Amino acid sequence: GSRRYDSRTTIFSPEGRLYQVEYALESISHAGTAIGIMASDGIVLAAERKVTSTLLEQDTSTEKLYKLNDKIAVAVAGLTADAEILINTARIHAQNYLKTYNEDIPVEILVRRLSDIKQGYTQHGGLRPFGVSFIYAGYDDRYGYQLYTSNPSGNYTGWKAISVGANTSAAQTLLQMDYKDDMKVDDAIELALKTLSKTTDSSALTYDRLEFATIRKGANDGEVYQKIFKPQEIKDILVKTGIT
Amino acid sequence: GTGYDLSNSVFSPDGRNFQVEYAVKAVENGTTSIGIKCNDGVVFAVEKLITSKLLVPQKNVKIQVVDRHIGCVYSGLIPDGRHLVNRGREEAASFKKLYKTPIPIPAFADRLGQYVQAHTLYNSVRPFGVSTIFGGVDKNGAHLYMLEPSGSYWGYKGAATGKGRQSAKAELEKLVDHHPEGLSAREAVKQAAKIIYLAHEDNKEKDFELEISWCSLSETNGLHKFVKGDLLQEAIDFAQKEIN
Amino acid sequence: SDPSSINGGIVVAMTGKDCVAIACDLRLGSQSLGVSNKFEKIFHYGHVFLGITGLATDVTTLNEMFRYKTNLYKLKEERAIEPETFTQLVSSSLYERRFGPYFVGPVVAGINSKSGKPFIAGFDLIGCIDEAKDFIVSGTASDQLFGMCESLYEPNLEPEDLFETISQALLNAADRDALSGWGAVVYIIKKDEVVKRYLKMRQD
Amino acid sequence: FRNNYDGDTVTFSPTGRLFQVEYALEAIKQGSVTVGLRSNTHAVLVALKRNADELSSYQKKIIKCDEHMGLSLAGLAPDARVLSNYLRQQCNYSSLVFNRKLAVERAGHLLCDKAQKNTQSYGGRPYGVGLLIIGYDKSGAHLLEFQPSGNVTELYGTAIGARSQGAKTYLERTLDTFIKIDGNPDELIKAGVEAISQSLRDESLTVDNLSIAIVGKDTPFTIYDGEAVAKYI
Amino acid sequence: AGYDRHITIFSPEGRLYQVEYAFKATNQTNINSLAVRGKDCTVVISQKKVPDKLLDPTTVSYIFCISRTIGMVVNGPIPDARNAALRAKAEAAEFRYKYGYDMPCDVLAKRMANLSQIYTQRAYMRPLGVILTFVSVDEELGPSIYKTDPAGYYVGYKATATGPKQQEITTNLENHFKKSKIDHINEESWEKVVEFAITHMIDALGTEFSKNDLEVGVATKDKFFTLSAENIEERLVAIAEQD
Amino acid sequence: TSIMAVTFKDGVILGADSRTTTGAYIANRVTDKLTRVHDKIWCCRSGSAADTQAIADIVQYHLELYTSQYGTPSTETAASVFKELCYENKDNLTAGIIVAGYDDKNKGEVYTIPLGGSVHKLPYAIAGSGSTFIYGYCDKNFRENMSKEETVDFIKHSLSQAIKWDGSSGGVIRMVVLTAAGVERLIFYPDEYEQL
Amino acid sequence: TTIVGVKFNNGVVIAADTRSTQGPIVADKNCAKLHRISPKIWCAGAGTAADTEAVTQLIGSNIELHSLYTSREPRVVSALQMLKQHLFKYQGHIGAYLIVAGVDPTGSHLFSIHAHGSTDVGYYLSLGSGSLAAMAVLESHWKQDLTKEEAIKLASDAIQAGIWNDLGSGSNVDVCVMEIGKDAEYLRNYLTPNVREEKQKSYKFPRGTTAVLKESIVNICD
Amino acid sequence: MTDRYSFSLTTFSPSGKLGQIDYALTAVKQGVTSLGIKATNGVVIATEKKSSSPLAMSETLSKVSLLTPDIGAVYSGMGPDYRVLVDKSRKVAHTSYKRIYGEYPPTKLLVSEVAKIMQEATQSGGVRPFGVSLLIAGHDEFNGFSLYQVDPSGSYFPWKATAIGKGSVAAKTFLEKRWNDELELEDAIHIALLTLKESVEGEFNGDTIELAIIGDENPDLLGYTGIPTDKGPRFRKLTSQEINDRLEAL
Ligand SMILES: *C(=O)[C@]1([C@@H](O)[C@@H]2C=CCCC2)NC(=O)[C@@H]2CCO[C@@]21C
Ligand SMILES: *C(=O)[C@]1([C@@H](O)[C@@H]2C=CCCC2)NC(=O)[C@@H]2CCO[C@@]21C
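The listed protein sequences derive, respectively, from chains Z, L, G, V, H, E, F and C. Each residue of the first sequence is one higher than the one before, counting from 1 in the numbering used here. Each residue of the second sequence is one higher than the one before, counting from 1 in the numbering used here. Each residue of the third sequence is one higher than the one before, counting from 1 in the numbering used here. Each residue of the fourth sequence is one higher than the one before, counting from 1 in the numbering used here. Each residue of the fifth sequence is one higher than the one before, counting from 1 in the numbering used here. Each residue of the sixth sequence is one higher than the one before, counting from 1 in the numbering used here. Each residue of the seventh sequence is one higher than the one before, counting from 1 in the numbering used here. Each residue of the eighth sequence is one higher than the one before, counting from 1 in the numbering used here.
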């Protein structure tokens, strides 16, 4: 029969761990690092582009920062193609919520839904899990600025600052070292770049190897604005913060 | 490596399908059965091993009819044989229902062929453990066929399978050479009785019961009928006589 | 009985010089009974405007549907939808319900952000696209609207002039329709800006 | 060898064998003995009921399928319930639709075909029980032997289960004798008990231990247990 | 791990052994065939070998009439061959019903190739151990030869050969065309094309043929048919009166 | 509509008017009601043009696949496929079909499939609104084993009468001759059959 | 509606009026009833506009995919088979009545399909409420071996019959010529015999004529 | 019967690798070299027609396929896998876009559709990943010209120029030397021909090379006239002759 070739992607190890989830997480640890830092007046998402070439078109590229809603974005660490599958369903769920209640979906509700989908591949179906980890940066009128994280297991948690992908241990220690509750978006933007700068497995940290986004509530307006920095914009902020 | 013979639809490095070949072993281990094409019909005969005096004589019939003009006999796993005839019967009913005319032997053969070939395409099923000799009379003549577990089949002048297939084939080849003009149904019945008796030597240890059936344009009106009473004994004798 | 004559209401769109206008009444009734004088029938997704007459529940449902669809479109296409494209989205969305249609009379209005060209279009309840260059009417007072428009309309009117024209067409047609009126709103649209004006009319 | 070709019914061994089927046949041999024999007027079923403890009952081994048909089981009881239930439906169908009693030979063909399906597909398992079917139809008395392999044979008499070979040789000997016990059920039944006791060894057939069933010419398939079989011990 | 050789999944070298072993099966019949295009016809020759004296020679064939216009010769075990023939016929009939015109040879080929590509990708379907050579005189393309393998690959040919001694026939034909400089047998009658076909079959295989050693199929405008033992004999005689 | 099929010495002939109406309007005055389902198996269509076309298209498909596997089909087999479709879908079809074919062993054969989906093999058959008017004529003038010329004449006269009385019939008379010699198409214009 | 098709010595031409109506009201004074199925296979539609339109695009889409898959030019008989089997399946509920023409590798063709799924072939055809006015003209002027120019004239005259004599038809004449060896040429508004006369007065209102209650700017930029 | 393979055939190894994807990529590596170069007013994609026999008719086998009138594809890897992927891509451009918006999809979105199809063969039950890498070139009103690469994992990325297959490493290097953001279409075609030469062992002419471009609109390739807004396809495969003319100025 077929049984012979079934890897059994959803079973427990004698230690009570999920093989596939564990191996998927291992896969994620080799992915470009992504950072999420929450300030009092905004949120900062920064990611390091894994592998690059002189010929790679960066203006038309996006492999780590995706817009889910006009108030929610995610930073990706893992299989891009897997992330895109999940991102699209996340986008549909946000709209279903909007159409049903005529209110933008609360950040946690969207995260719990995406995580629940992941958890499914963990308990039934016999399919490999998604080799993906997300950092969610969003805003709603019940909790304001929020930062979340979800991994292959389907677990999610809230953070003031966090990272996923390669060298998270090093990144987390550096963040836990200089983070301060009363930070400001500009401060966080700088912290983020410094952290990546010290955890990169590459020579230097140039703009062509970064993606940047911020979710602020532009004082001169009263609404929330997401800003996915453009090549040139990253190049600028990279000089200003003193990394040239 | 190895293990190419554990799953049914697998190609071994030399391009073979071992399970189909092991199926053949089940066929060779079975009772011998034959078929003889005559000038206007076909004759079927088979060896019935008398396990004990407890078997009611003449009761456990092995030859089967399909529709009203086709006879089928087989060697190997009896149950697999019936399974195939059942399909053949549905196959024939369907054909008559749509086209009105009873199904032609060549058409009927391919129906059985495609079905058996189908059981060598997946590892979720097992090949048929029988070789089948079948045929009858139709719009243009008589037709004899033999179908192997591989789904392979061809039209025959004479055919045999099972324990004493070699003796049988040998006897059959003699008739083919000594009768380029064609054997008559009457003659084929006797000749058949002989071939089974002879071929019964490869199993001379157990006593047996002879069974014959035929389909002749002149002798049975093109309908498949069993040889019984006088005509039967007359053939049994013709054999018992030439067996010494 | 007629799903299109239960709630009442009208919508009209016109093309002018480098501009387009779309207007509607504000009534929502239940047969003879007036229920709401604030039921606006014009909506927009980016710079594309959509008016919808017919069964109110469907007007509401369709708006929610097109918001939903234009939102995902923006997320994937990374640009706002255009009048011509939206028009095709409306058409195929309605036809998809060919044998259980929404009882509405949609009207699209807008200016192509890249060509600057003005655009209006109408649809029957099963999506058939009517792409006129002058005007498009819809609702329980559509006959009256055709009469008003055919006479009052002339090509290349300036924004300020088209406003007067479209407003007079809407107003006088609504006053000959038992199921229309109770307020009106007119949208004057240009490449860069869009002005929305509420009109003063009979309340009977 | 075997170990690599006996993991499921869908696999042929290198010699053309079906081990799962054979392992099923083994469950029968481990089952209590039961006998069947017929004359020209009647058919009888004699079965040795087996008990767990001396505080337990002797599991029933005979099932009535219709007024003219019934069987005895050796092996997995649950599988006999399934197969007999299917035989009950088939007999019922023949009656309701064609107002015809199902031929014993036809029942045999139906059992064979149902058993066969469970020996060619992945996922299932062969039935692990043997059956002896007796019945009186339009062609007289009949006795059938059903093997999980799907092989069904018509006989004058036979036995299946542990030490069944004893009774089987006895019958193969007594043949010319009992086959003529026409018009005398008691004589046929006694001959049945004499064949079955040829497979004893452990104990001796007692009252709550012996089970007999008969069917024939003017006798609807009926089952006798306990006191009712006392006059045969 | 070692099962990457039982089902159709990649081996560490990016190979699909099951497809490779399927190719192996195609030579199991030890039969060779070749096809050539005429000026307005297409011919396919295939060795016919009937070992058993108990067989009815008339029922032994690896050539099939798929449609009124399409013929197909199969190199491989007969059961898989007949499975491919039935499917092709069904496919050919449906195409006509749905699109209102006869399915072109190249299209039927692509369709069968795609079906094969699938057994190459889905684990529950085994590939068929056969090579299909389709021929006809397409109403748009003219004489056509398209062949498909267990890999789901297919392409058109000026001429082609298939079987154990494929390479010999192929180089033989290649040479002839390097010489003639045209991509077809410049003959007006299919009879002569059939003769050319059989002739080179002999030269390349270095063997003589009787009327029962061959099997021939011809495709012309609006029709494809197979020749009889006698139609062949007449062919063998003609070639004899030249050597 | 007026259609008929007549068997004769050398085979069989099919005939029909060329009119399709939508009320009193003649939507088509040159319609071809003689449809080919196989080389020597044709049918006459009456009732719904849409239904009969769909039915025929399917029979042709079925016979094509039949040929691919079992060779040329018998006229009886073609009639059986038509029957299957008409009987099994009697609730949704309005199709009166006459099947006519030429076999070498059987020569000409005619099977008529009326509304309910029943099949009737006959020496000849007529159908369609116009047929009612020529029942008496045909019954009086039909003869078995007529020559090709006589048969063409019988059909020509019969149909011209049907066309004469039935407003639902008209245009030209089309015929299809099915014999061992092949397939012949015949057409007859108003100026010829009207004054017969 | 008035739509016609007319074959000529080396191709086919189809034409149609430009009136669109809702009951007795003219909704579109210049709609387009000529749709394309493939570059050289065009359709003229009558009946339910949404249906003729939707059906032309569905089969057109599939015809494109079929073309790409078979590496061949689409054939008229293919669009015809796909259209009729689709319409038949829907038992006339898809109110599409079409005249389908075009040129392909096998020649030039002219057919008609009805909502229920039946098809017809001819040298000249017409459908729609103008059907009878058009046909009257065709039965009066058609002849075999028409030149491209004659066919255009004939077809164009047939629609005029409908425009003038049928209330269900009006405005302009659209034509499309498909010639065996060339590109198909779509002639939108080939004839415009119904231009509206200059109005007797201008109804331009003096600004400020309309009473306004409230005014505001609408935000379009996100 | 019935596909009973409802579990993934591509799973994570302890190292975190996805075996079947890796192997699929290896298959891509053995495939004939193919490339794409973006110019300021067009895009060129090209590959070698590795005729598997001289009796084969190389024209009857296009490695360069038109997906939409403004989008084309080329690949490196398993030809049969590519063929079905093209059929599926042409259809999805319709079903998921043209039948909804009445226009063809923009290059990034169609690419995204193809990528999804490939990602699924990486996770769905009973299948193996596609053994190919595609280079898709196209144009659309709001994005201009673009070039994308899609690998077995389903991942895709935009390029100015790149190569895949056999000598991808060498070719990519040669491209980095000659590419600038001021190349005209003809320049890219030239550079493309040079790059491809280094990867070809034998004959190098318009019958052994396959090359197409996404450029201006070809009204002459529309098939009809009469609709101002319809100007023709931007995709155009070059002819054998057209290639040779450019090879002389090599
Ligand atoms: C004839 O039965 C008739 C034809 O229109 C029709 C057309 C083509 C083939 C089948 C026959 N059917 C009809 O409904 C009309 C009205 C009366 O009979 C018709 C002329
Ligand atoms: C014509 O048949 C007509 C058209 O409105 C319509 C419009 C576009 C394409 C199909 C044809 N159909 C109708 O229902 C109206 C009323 C009478 O005929 C129309 C004018």
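None of these hints come from the bench; they were simulated from the model. Yeah, the Cβ is synthetic: ideal placement off N, Cα and C, and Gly gets one too. Some hints here could point you the wrong way.
Dumping the calculated BS3-like pairs for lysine-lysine here, alpha-carbon to alpha-carbon at most 27 Å [as the list claims (entries may be wrong)]:
#, chain 1, residue 1, chain 2, residue 2
1, E, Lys140, E, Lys121
2, H, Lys221, H, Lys39
3, G, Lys17, Z, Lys230
4, F, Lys153, G, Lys17
5, C, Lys166, Z, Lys50
6, H, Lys49, L, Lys169
7, V, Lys64, V, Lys138
In silico negatives: residues of chain H with every beta carbon more than 10 Å from chain F [unchecked claim]:
#, residue
8, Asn30
9, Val60
10, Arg68
11, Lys98
12, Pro104
13, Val107
14, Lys110
15, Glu187
16, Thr226
17, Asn231
18, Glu241
To see whether the hints hold, each was checked on the structure:
no.	hint	in the structure
1	E/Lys140 / E/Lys121	holds (19 Å)
2	H/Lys221 / H/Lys39	holds (11 Å)
3	G/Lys17 / Z/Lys230	violated (37 Å)
4	F/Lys153 / G/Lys17	violated (38 Å)
5	C/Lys166 / Z/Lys50	holds (23 Å)
6	H/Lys49 / L/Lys169	holds (19 Å)
7	V/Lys64 / V/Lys138	holds (18 Å)
8	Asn30	holds (36 Å)
9	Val60	holds (35 Å)
10	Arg68	holds (17 Å)
11	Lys98	violated (7 Å)
12	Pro104	violated (7 Å)
13	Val107	violated (5 Å)
14	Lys110	violated (8 Å)
15	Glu187	holds (27 Å)
16	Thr226	holds (27 Å)
17	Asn231	holds (32 Å)
18	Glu241	holds (42 Å)
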